[PDB]
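In C-alpha cells, the next block holds one chain alone, the form deposited in one PDB entry.
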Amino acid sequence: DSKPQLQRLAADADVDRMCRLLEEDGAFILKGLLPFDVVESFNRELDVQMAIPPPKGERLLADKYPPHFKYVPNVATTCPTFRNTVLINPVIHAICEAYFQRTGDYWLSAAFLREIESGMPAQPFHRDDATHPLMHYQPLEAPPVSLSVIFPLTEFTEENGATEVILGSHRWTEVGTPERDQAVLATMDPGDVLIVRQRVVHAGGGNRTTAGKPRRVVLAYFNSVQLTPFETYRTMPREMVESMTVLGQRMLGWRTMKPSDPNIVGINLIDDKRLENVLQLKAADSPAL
C-alpha cells in the first residue's frame, strides 16, 4: 500500500541484493521457494505429530499453556520433508553464508511449528532476543549472530494474521510501543519464505478470521555456532543422522564448526579432533565432496 512494502524476490534473485535488503529494510520474502508438493508433504508430516495424544510426563513449553496449544518441537527429527529438503535449501544457505560472513559458521538453533487459531489476538511487537538474552546487549554494528526464517504453511492474509514487520526498526534503540500501522504485512502463499534480520521489530498477527481456519507457521532460527542450539539433535539415531547430507549434519550440531577469526581453531570438538571424525560419521553426499 502507501508505505514501502516487503520486497518479494524470486528464488534465483541476487544474494548481494538480499543481503542489502536485510541491512536496509531488515526483512524480505522469497516467492515460491518451496514447491506445493513439498509444502503439502511437510504439512502431512506435521499433522501426524499434532494428532499424537498428550503425553503423561512433563512438557517444558506446552505445560505453560492451556490444552488447546498447538506446537510441534524440533520438526527436523519427525518431519523427513523438512530434514531432507527444506533444511538444506540452497537459496536459504546462500543467504545465511552472506549474512553471517562476519561471524562465521551458523547452525540450526530451533525449528518448530505453531498454529494460530481463529479468535486469537496479535502478538506484542518485539525483538527475537529472548532465547539467548545476551543478544539483547549486542550493538547493532556487531556481527549478527541470529537470523529468523519464517515458513508459512497456510496462506498468510491481512485477515488471518500475516506477520507484521516494521521496516528499518533494527536501527531503533529500543522496541518501545509502536502503533500497528507502522508495520507492513508479510502476506504470503504456502511455499513462500520470510527472512528477518536480527533486531527487527515484528509481531505475529494472531488470527481474526471466524471460519475456523487456523494459520500455520514453522519458525526456524539459524544462529552463529557460538550460540548453543535451543533444540539439541544429539539423540537422533545414527542411521537417521548418516542418511543426511554433510550440510544437514552441520546444521543439526553433529559436526565441528568454525566461528570467525580470531577463533582460529573452531568449536564443538573433542580430543582436539573433529567431532564427525571421532564419531566416524558417514553422510549421504560424502562420496561427491
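Residue numbers count along the first chain shown, from 1. The term rigid core refers to the most C-alpha atoms you can superpose between the two forms while keeping them within 1.5 Å. What changes on going to the form deposited in another entry:
Residue displacement note: residue 53 has its CA displaced by at least 2 Å between the two forms (rigid core superposed). Once you line up the core between the two forms, the Cα of residue 64 ends up 2 Å or more from where it was.
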The other form holds:
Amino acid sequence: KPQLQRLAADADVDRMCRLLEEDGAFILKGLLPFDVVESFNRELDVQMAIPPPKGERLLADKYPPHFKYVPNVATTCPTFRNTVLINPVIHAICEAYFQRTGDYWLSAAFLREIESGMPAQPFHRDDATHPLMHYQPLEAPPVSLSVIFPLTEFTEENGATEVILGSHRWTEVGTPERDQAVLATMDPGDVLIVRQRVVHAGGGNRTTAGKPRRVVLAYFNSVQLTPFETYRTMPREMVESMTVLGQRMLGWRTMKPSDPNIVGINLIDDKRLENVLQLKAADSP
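What would the structure be for the form deposited in another entry, given that what you showed me was the form deposited in one PDB entry?
Chain alone follows, minus partners and molecules.
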C-alpha cells in the first residue's frame, strides 16, 4: 500500500510541489533543530498550564472535549513567532505553492493536545474555514496550505495524523473509512505538509499511560482570504520585534495578490499599511 513520501529537509522545492499535486501530502524529515522544538514546547507548557477562560470560547464550545486547545500561538510563543513562522524552507515551499495566486499569509496557527483515551477526530478538509474554497476547480490557483508540526512523536498508538492520499480529487468528503488513510508517523522536528482539499484527521490517542500527543497546525492562506485569527491586537512592541516576513504573515503589512490585481490589498489612505503605522521591524532598521 502506498505511503506518505518522506523527504530530506534540503530536498528540491519543485519536487515537493509535484508531490502535493500527485499525492496531496508529504513529510519533511528533521526540519527543526532539537533546541527549537524544545523551547517551543516549554512555551506551550506555559499556556497549557493556564486554566481555560470562564466566558465564551468560540471554537472549543462547538466541539466535544476530545482535545485541549491553545489558540493563536503566535501571540504567546516567541519561538513560533520569531523562528518557526519564518522558517526558510517552509517559505520556499509556500512561494512555489502560491506562485500563481500571489502573496500568502497566516490565517491561523494553534496547538491541540490529545491526551490518553481521546477518540479520533472526524475526517475533514481545512477548506471549511472559507466555504468558497469548495467551488474552486482543482486547476485553479491554490489558495490554502496546511503545515502540521509534530511537537511530540507521532505513532500508530498515540493517533498520528491520518491522511487520505489523492483525496483532493474527490468532489465531496463523504464518510470515509479509517483504513483508507495513511499514518503520518513522525519524530519531533519533522513537518507534515497537506495540500488544499486533502482529506485528513487526527488519530485519537490509544496509549494507556503517557504524555499527550502534541501537534501545532499552521494554516497559510492566500492574502485574498480573511485570516481566521486576527493578530491586530498584538502589542506594538511585540510586532515591531518581528522581522518583515513575520509582520507580513500576521497581517500588519500591505500584501499583493497576483494580477489582475495590480495595486495590492490591506492598504489604507492609498498608502502601505506599514508606512501609515510607521511600523519598525527587527530586520528593517
